[PDB]
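For reference, the chain that follows is the form solved without this ligand, supplied as C-alpha cells.
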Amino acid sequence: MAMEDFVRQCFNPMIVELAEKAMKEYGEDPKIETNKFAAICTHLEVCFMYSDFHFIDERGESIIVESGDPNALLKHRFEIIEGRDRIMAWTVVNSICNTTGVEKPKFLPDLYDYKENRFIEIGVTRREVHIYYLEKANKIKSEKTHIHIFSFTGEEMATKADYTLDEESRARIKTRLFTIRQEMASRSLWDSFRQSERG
C-alpha cells in the first residue's frame, strides 16, 4: 500500500477533498507529496475535531453537546479557518475581528475561540512537541495567537500550558492520532511518514 492509497482508506472522503483542494491552493501535488497529503488530512481532521461539540449558548456560556440534535442550532464555540481557501479564510478572519474586536493576525490561524476570544494555531507533529511549538511560535511573532501542538505519541504542548479544551476532548483527538499512527505502522508506512516531516 502506497501512502496515497492509505490516505484514501483512512480518512473520510470529504476530508480528503478539502485537503486536496488546500494542497492545490497551497501549490503542492497530492499525488507526489504523499506524506504532506497525509499530514494535511490529519491536521484538518484535528481542526474539525477540536471544534466538534463545543457551543456558545444563548446566555453566552460555553457548553458541550454531543448529541447531534436536529434542534441544536447554536453558535459554535470555535470557528474553523483551516480548510478554507485564502479568500474565504480572510473573509472569516475579517468578520471575526469586526464582531469581537480582537487583534487581526498577520498570518491565517486555524481556529478562533469565541469563549477565550483568541485565534488558535494547531500543530500536529511526528517530531518532538517542544521543538514544533518553538518553530510555530517563531514563525508567528504574533504573540496573541494561542498555540496548541499535538503529537502522534500523545504528547501535547500549548501556550502557557493552557490546553483550552477539557481533557476528554483532547483525548478524543489523541485517540484518532493513536489510530492513524497504529494503522500506518501495520502497512509499514509510519517510518517513512515520520522521517518525512521537515521544518
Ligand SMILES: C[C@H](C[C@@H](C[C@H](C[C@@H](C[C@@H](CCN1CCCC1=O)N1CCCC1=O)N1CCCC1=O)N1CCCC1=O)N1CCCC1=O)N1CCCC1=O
Given for the second form:
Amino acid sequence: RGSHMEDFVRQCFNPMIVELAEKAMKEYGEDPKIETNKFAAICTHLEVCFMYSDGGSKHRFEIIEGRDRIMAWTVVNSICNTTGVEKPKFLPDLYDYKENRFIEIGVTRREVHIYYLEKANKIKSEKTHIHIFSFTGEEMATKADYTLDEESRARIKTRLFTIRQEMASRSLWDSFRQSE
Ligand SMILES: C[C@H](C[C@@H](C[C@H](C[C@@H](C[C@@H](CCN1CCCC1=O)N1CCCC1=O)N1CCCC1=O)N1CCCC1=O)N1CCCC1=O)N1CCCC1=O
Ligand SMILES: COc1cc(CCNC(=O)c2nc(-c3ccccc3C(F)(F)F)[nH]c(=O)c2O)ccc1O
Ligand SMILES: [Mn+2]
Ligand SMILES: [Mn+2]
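Pass me the form solved in complex with this ligand as well; I've looked at the form solved without this ligand already.
Every component of the complex follows; first up is the chain already shown.
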C-alpha cells in the first residue's frame, strides 16, 4: 500500500503505540495501511492518554484505552462494582482514583467546542469527565476541572504541536486536518 503517512507514523510514534493502534483498528475492521489518516489519529490518541496517566501520582489513574475490548470492559466492571460509580455506556479512556470518575480523552483537529459537544451528546450522563485537547494548544475540560496540573498538560499540547509540525513538513497535515 506504500503510503507516506504510514511510514511517518512508524518513524514518529513509539513501536508499542503503533502495535496497540494496529490491534485497535483491526479489532474494529479497519486497516492501518489504507486508513492512514486514522492510523495517525489513534496513535496520537494513544500517546496522549499515556502521557495523561503519567501525569500526577505514579498511581491515581487506571488505563482503559489500549486494552482489548473485552479486557477493557472487564476493568470498568471491576471499577464500577468497587467504587459504586455508574456503568458508562461507552468505553472510556481512564479512571481517576483521586476524583472517582472516568475520563474521556479527546484529540481533535477542530475547535474544542464542537468535539466536546459531540462527545458530551454521545456520553450517556455527564458523570464521565471529558477532557479535550487540540493540535493548536487549546484544551477544554468538564466544569473547567482539568484534573492534572498545568505542567503535565502543557507537554501534551507541546507534543501535539510537534506532530503537526512534522506532518506539515512532510506535506501530510492538510489531508490529516480535512479528514476528521
Ligand atoms: C519507555 C517508556 C515506556 C512507558 C510505557 C507506558 C505505556 C504503558 C505500557 C502498557 C503495559 C503493557 N501491558 C499489556 C497489558 C498489561 C500491561 O501492563 N500499557 C498499555 C495499556 C495500559 C498499560 O499499562 N504503561 C506501563 C506502565 C504504566 C503505563 O502507562 N507509557 C507512559 C508514557 C507513554 C508510554 O508509552 N513507561 C513505563 C512506565 C513509565 C513510562 O513512561 N516510554 C515510551 C515512550 C514514552 C515513555 O516514557
Ligand atoms: C470504530 O472506531 C474506533 C473505535 C475504537 C474503540 C473505542 N474508541 C475510543 O475510545 C476513541 N476513539 C477516537 C477516534 C479516533 C480516531 C478516529 C475516530 C475516533 C472516534 F471518535 F470515532 F472514536 N477518539 C477518542 O477519544 C476515543 O476515546 C478504536 C478505534 C476506532 O477507529
Ligand atoms: Mn478510548
Ligand atoms: Mn478518548
